[PDB]
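Colleague: With chain A fixed as given, assemble chains B, C, D and E with the ligands onto it according to the hints.
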Amino acid sequence: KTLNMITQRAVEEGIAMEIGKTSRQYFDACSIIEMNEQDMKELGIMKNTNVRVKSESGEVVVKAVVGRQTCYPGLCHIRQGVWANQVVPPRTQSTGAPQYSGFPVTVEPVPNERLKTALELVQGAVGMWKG
Amino acid sequence: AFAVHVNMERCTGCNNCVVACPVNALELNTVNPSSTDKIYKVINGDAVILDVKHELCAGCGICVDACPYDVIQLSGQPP
Amino acid sequence: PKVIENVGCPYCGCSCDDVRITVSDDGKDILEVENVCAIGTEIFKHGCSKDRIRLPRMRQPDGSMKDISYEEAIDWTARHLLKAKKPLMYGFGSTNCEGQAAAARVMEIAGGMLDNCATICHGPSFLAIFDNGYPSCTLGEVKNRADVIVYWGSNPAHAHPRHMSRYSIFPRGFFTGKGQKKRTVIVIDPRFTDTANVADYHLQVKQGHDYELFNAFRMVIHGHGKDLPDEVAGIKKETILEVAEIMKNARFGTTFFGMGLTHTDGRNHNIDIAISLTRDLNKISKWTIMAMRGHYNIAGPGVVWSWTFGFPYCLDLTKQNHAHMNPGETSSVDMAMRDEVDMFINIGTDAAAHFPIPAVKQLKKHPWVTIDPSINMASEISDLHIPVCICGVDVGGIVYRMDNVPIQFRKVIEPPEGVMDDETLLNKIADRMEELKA
Amino acid sequence: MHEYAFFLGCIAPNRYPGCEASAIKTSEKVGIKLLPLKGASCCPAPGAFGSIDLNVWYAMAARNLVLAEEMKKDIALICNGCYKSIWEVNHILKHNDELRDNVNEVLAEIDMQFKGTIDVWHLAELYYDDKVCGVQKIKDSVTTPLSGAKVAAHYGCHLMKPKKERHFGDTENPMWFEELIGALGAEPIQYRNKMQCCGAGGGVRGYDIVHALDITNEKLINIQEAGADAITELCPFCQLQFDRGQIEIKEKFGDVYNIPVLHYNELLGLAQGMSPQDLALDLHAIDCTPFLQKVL
Amino acid sequence: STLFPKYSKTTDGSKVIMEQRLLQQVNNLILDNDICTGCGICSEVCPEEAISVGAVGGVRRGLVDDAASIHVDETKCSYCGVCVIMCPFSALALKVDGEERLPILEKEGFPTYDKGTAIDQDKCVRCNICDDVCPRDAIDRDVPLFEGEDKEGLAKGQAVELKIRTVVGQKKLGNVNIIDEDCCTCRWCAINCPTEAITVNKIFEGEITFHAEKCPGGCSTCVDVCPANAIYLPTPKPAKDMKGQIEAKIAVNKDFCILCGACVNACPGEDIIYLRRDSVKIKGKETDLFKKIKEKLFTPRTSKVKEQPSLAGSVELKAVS
Ligand SMILES: Nc1nc2c(c(=O)[nH]1)N[C@H]1C(S)=C(S)[C@@H](COP(=O)(O)OP(=O)(O)OC[C@H]3O[C@@H](n4cnc5c(=O)[nH]c(N)nc54)[C@H](O)[C@@H]3O)O[C@H]1N2
Ligand SMILES: Nc1nc2c(c(=O)[nH]1)N[C@H]1C(S)=C(S)[C@@H](COP(=O)(O)OP(=O)(O)OC[C@H]3O[C@@H](n4cnc5c(=O)[nH]c(N)nc54)[C@H](O)[C@@H]3O)O[C@H]1N2
Ligand code: SF4
Ligand code: SF4
Ligand code: SF4
Ligand code: SF4
Ligand code: SF4
Ligand code: SF4
Ligand code: SF4
Ligand code: SF4
Ligand code: SF4
Ligand SMILES: [Mo]
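Protein chains in written order, with full-length UniProt numbering: chain A, 5 to 135; chain B, 63 to 141; chain C, 2 to 439; chain D, 1 to 296; chain E, 2 to 165, 231 to 387.
For reference, chain A alone in the conformation it holds in the complex:
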């Protein structure tokens, strides 16, 4: 439930950004939770279903999958990007490096809700979402 969390890289993610930050490849690569199978069962998350990742510094609806890179029971992971930084807390501990890995978060299975694109996320956080 407290479900500690980290935010890291993946080659598909790098590939995606160099295809383009506004591309379907980037959407598919970054909008991803890679959590543990035991945690998915205990929470009640169907594999490949949207889920509400809500930390103290935001919220994001992100697809929930299982990752080869075996997260031990009690860990989460989003490939870094728009979606992860919608929920990363900004605390720096007077070093300038925000808490990019190791912040608590609660996970709520919420299917039937769409995913927010990168443009929609950022331009709506700022207030520029024309479309």
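No wet-lab data here; the hints were simulated from the structure.
Hints are not guaranteed to be accurate.
What the hints assert, rightly or not - List time: in silico DSS-like cross-link candidates among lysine-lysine, alpha-carbon distance up to 30 Å:
{"id": "1", "chain 1": "A", "residue 1": "120", "chain 2": "C", "residue 2": "84"}
{"id": "2", "chain 1": "A", "residue 1": "45", "chain 2": "C", "residue 2": "207"}
{"id": "3", "chain 1": "D", "residue 1": "33", "chain 2": "D", "residue 2": "161"}
{"id": "4", "chain 1": "E", "residue 1": "309", "chain 2": "C", "residue 2": "182"}
{"id": "5", "chain 1": "B", "residue 1": "100", "chain 2": "C", "residue 2": "3"}
{"id": "6", "chain 1": "C", "residue 1": "67", "chain 2": "A", "residue 2": "134"}
{"id": "7", "chain 1": "C", "residue 1": "46", "chain 2": "D", "residue 2": "161"}
{"id": "8", "chain 1": "D", "residue 1": "25", "chain 2": "C", "residue 2": "51"}
{"id": "9", "chain 1": "E", "residue 1": "303", "chain 2": "C", "residue 2": "287"}
{"id": "10", "chain 1": "E", "residue 1": "306", "chain 2": "C", "residue 2": "284"}
{"id": "11", "chain 1": "D", "residue 1": "115", "chain 2": "A", "residue 2": "45"}
{"id": "12", "chain 1": "C", "residue 1": "366", "chain 2": "C", "residue 2": "438"}
{"id": "13", "chain 1": "D", "residue 1": "150", "chain 2": "E", "residue 2": "306"}
{"id": "14", "chain 1": "E", "residue 1": "309", "chain 2": "C", "residue 2": "284"}
{"id": "15", "chain 1": "D", "residue 1": "294", "chain 2": "C", "residue 2": "51"}
{"id": "16", "chain 1": "C", "residue 1": "67", "chain 2": "B", "residue 2": "100"}
{"id": "17", "chain 1": "E", "residue 1": "96", "chain 2": "B", "residue 2": "103"}
{"id": "18", "chain 1": "A", "residue 1": "5", "chain 2": "D", "residue 2": "294"}
{"id": "19", "chain 1": "C", "residue 1": "438", "chain 2": "A", "residue 2": "134"}
{"id": "20", "chain 1": "A", "residue 1": "5", "chain 2": "C", "residue 2": "207"}
{"id": "21", "chain 1": "C", "residue 1": "249", "chain 2": "E", "residue 2": "320"}
{"id": "22", "chain 1": "C", "residue 1": "29", "chain 2": "B", "residue 2": "103"}
{"id": "23", "chain 1": "D", "residue 1": "150", "chain 2": "A", "residue 2": "45"}
{"id": "24", "chain 1": "A", "residue 1": "120", "chain 2": "C", "residue 2": "46"}
{"id": "25", "chain 1": "D", "residue 1": "115", "chain 2": "D", "residue 2": "38"}
{"id": "26", "chain 1": "A", "residue 1": "134", "chain 2": "C", "residue 2": "362"}
Modeller: Here is chains B, C, D and E with the ligands on its own, set in the frame of chain A:
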């Protein structure tokens, strides 16, 4: 003389299948190199096996054991 | 069909220069790219695109975005930089070292805050270097001598793809003719990453406890390791002793670190306990820490501003004749939090995407300028988007590898007719500012 | 990336849209590009329309073929009945001259000619071919194992039969479709009389629903006895029969099976990581939730 | 056609079972893939040329799943059982109906290998070295387990025959033997036995040479597949001790090499290894077939790169003059 198959869809271009193959390592790393042909070369980001006719592999498994995200399947049965 | 050798891949810290391009007959289409990883392949495939930005583009009142001339964009930026009270220029991860010198000059004229991706990435590491030092080495040294390799909190397989096949593990060096088979690879991180798949050991540590892990290792090294508890950080004492014995017997070791240490609790204290461990191991062996720098020339801003102002990052250029540096006070994220800025200039990075969204919200209150070759999040929430050449594809120059070794990148494509590069652009901005007489 | 015109008949777009969505996505993930067909209609459904008038069957199938002819592309299909109509009319009109002539002077009233220049493929046939995406490429693309699930295959009749008119080989006990399900990681099981018709062909589904449902119920009994957890199929007719007909069997008879029926493209999407919501598994009469619990 | 000669080849777990059905009579050549070592002394010896050798290194390392070390064409095999008699580490068995049955030995038509094992129980001292150094699991030591690692076999004080003082002579509690169908004659246990109480004689005699200057480094396949662990990677010297001699890349211990041939079959190099056997040691008299088999086993061989494609899926070595 076996057959190796590389799953292009998850190959990242890491080049650790090229560096680790002991038939590739024959040219530059042997005294009086015998044969200078190479099984793999990473062209356009994925490992391409130049050994089309399956003449140089020796089923060593150094390349299957090397790829970080398993993507090389080694076939020990006649193609 | 004009094969070009010795090109540079401009993405990860590896700064790989063993790239071969087969440019088209007319010298403006890239056909096949050999010897590079996929992330790189895509960089070149994007650089050789036919439909790419060519002119700046301004935000009109309606909210759309229309083009303007380079001189008009330079005039806009110069006037705003002079009118502001503490502008902030951020980025420089992906630029040549002349791009990071021209920027230093521009903000010397202006008087704002000059900063790079070091703050949010490996700046906690520099802060430890300031505390303890940086016992390091070039990458050919680990290629030719390394007997033990430790990837503490890093993931080369997905961060730096051809790091293992070029510098650390698989190459058969001079004193390591046997190749991988005499290298002991230890990977520490809570996940079972692809680097751990390739590795021979794995110390699956609780996320955040690396300080306790380092302290355990160092008590073992200092000799009375019997005083360890039963388990430390989730790692078991016998495994700790196993890895420590291997480290002691190493003929020449090398430790690599990354976000596992620079982005968790005790940002810089993790790194400096690591450096202390390295300095302690050099009592009985030879060990060299080394930081997994991310972008190609992200060590370029460090050296260039080291020779110019003496400070690698978080530069307080507001006194106009003496600079200051204190990461907790002068860094981009802290200033964005405490709304201490007046203008944000996006140069060689993607602040909108890769900053926390509270910081982006705080920053967008002011004008926002982006100098990028292509569309990204910053160029989508900016006020004007000035195009610029891509390092290593449209323009060459010096870049700085992971280990501060300068690679010389080459040019393979001429940039689209009209597009200039950042050193020409920043120089024109500085000339116009001096024309405005400030 | 091979490119094919995507015929997309009536039932997949209008009753099971997840089938077509997964078709496009999974085909793109493997090296296939499925292009929309511009103004295609019902392939004159071979039973319900061929039983009425063979000449208008020929004319409508030929119109569907000449759309893709003008597109200059090869048809790709996901339905065995649509395969029958399109592929078989293409084959007949490539060889029978008086039928070419008749169809051409019917089509000349709408400024449109048939010349016989393209080929028709079933998507599963393409997935099985080695030149185009093969079984190994499917295995490569699979990212969720779908292990520990017993899955029964229904081949249908119009894809493989008659073997004197097709090129898929043995009709008595084919195993090719079982290899595609084995590629996904699910173990395909064998049941009694696996090559039996589902009962919906030829318009029997409409003419005599009880007769058609008895034919379907024979299959459902055999499949349950084998122990299947889902029924893969390569035909939206057969999927509609096995899906609606379970409900009609539950009401007209007293038999309960609750066996999910999924198109192979839907299973391929599940294997490649598509979401159940993105596959629209809520549009099936029979709940897929037990199967999803097993394979997820 | 006709059906009843039903030829089948099933991989039942770790055993590859090759079968020939009749109504009531079967024939089961069973290969235990956990014991095969990738030598070709089963392919060289096959009178009917059916056994071929596969991906030795990959299979012996666990990286290959759809194959064994050897492929037997069970349509060509004749179920003589010569392969079962002439395999140094018994990883091939013949079962006629349901029982391990060798008709050619029952009629004495073929000699067998004289591994000649023995452990003079009046000299062995229940030491633990011979079980520890044995490359294969072939030392069956039957000893009561004292307080070391377990509850007392008799007692720490009854491990020595003491009158409770002085010891009465000798203790020797238990009995140690060598499973004669598993020993490969490596001699790790005879060379390292403390009391010289083990008598094993190598089945093959000859010489094997390693041209270290032709090993391409990171290829310890030979080391991984050697059954008798004769091969080693010579340990790199420390600094201030290298003395201008850098290091060798590979070498062998002729004391422990049993002249099997797995190293040659596994090396992907060109001619790093030279193998030549000179004399096999047998009991049982001889046969014209056995003279042919001697001639086949005694031809020198070495690795090869770029063998012919028509035989892709198997190994072909170089014939040395
Ligand atoms: N494809 C792609 N490649 C990239 C990037 C990208 O975005 N995409 N980014 C580039 C840049 S900007 C960066 S700085 C580099 C950096 O990349 P790296 O420095 O190599 O770090 P990461 O790739 O994020 O993975 C860090 C590993 O540390 C683990 N970890 C997390 N928390 C802890 C902890 O508390 N303790 C320990 N011991 N480990 C922990 C994480 O699980 C992860 O396995 O990569 C560069 N390469
Ligand atoms: N959730 C989460 N977020 C993170 C992190 C994390 O760990 N977790 N890590 C943070 C860290 S480590 C950093 S590095 C950031 C990294 O993130 P960034 O530093 O922003 O890296 P990119 O987004 O790839 O920036 C590349 C942009 O520069 C352009 N470019 C390329 N060459 C040039 C050039 O020569 N001149 C100019 N003017 N532009 C060029 C490129 O087209 C592209 O627009 O991610 C940060 N955000
Ligand atoms: S099995 Fe060995 S010889 Fe064959 S390709 Fe792999 S590394 Fe090279
Ligand atoms: S090692 Fe694996 S991922 Fe790397 S190039 Fe070879 S096949 Fe691709
Ligand atoms: S490792 Fe980095 S620098 Fe080297 S080719 Fe890959 S992306 Fe380019
Ligand atoms: S002779 Fe060698 S390869 Fe043949 S079965 Fe015996 S151990 Fe295996
Ligand atoms: S039983 Fe005889 S014929 Fe059959 S494989 Fe063995 S040696 Fe060859
Ligand atoms: S090594 Fe010799 S003395 Fe020791 S147990 Fe074995 S046979 Fe007996
Ligand atoms: S000769 Fe070798 S295999 Fe045989 S018992 Fe002695 S150590 Fe074991
Ligand atoms: S060293 Fe001797 S026992 Fe080992 S593989 Fe080579 S020939 Fe066989
Ligand atoms: S002898 Fe053969 S197996 Fe051993 S290192 Fe050389 S090539 Fe590799
Ligand atoms: Mo970074």
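Colleague: All hints, please: hold or fail.
Modeller: Structure-based check of all given hints:
1. A:120 / C:84: violated, 38 Å
2. A:45 / C:207: holds, 22 Å
3. D:33 / D:161: holds, 28 Å
4. E:309 / C:182: Between residue 309 of chain E and residue 182 of chain C the Cα gap is close to 23 Å, so the pair holds against 30 Å.
5. B:100 / C:3: holds, 24 Å
6. C:67 / A:134: holds, 16 Å
7. C:46 / D:161: violated, 47 Å
8. D:25 / C:51: Holds: residue 25 of chain D and residue 51 of chain C sit about 27 Å apart, inside 30 Å.
9. E:303 / C:287: Cα-Cα ~15 Å, so holds.
10. E:306 / C:284: Holds - the C-alpha atoms of residue 284 of chain C and residue 306 of chain E are around 17 Å apart, at most 30 Å.
11. D:115 / A:45: Distance of about 58 Å is beyond 30 Å: violated.
12. C:366 / C:438: holds, 28 Å
13. D:150 / E:306: violated, 65 Å
14. E:309 / C:284: holds, 24 Å
15. D:294 / C:51: Answer violated: residue 294 of chain D to residue 51 of chain C is near 48 Å, above 30 Å.
16. C:67 / B:100: Distance ~53 Å between residue 67 of chain C and residue 100 of chain B Cα, so the pair is violated.
17. E:96 / B:103: violated, 48 Å
18. A:5 / D:294: Roughly 24 Å between the alpha carbons, so the hint for residue 5 of chain A and residue 294 of chain D holds.
19. C:438 / A:134: violated, 40 Å
20. A:5 / C:207: Distance of about 17 Å is within 30 Å: holds.
21. C:249 / E:320: Roughly 33 Å separates the two Cα atoms, so the pair is violated.
22. C:29 / B:103: holds, 25 Å
23. D:150 / A:45: holds, 21 Å
24. A:120 / C:46: holds, 28 Å
25. D:115 / D:38: The hint holds at about 19 Å.
26. A:134 / C:362: holds, 17 Å
Hints 1, 7, 11, 13, 15, 16, 17, 19 and 21, counting from the list given before, are not met by this structure.
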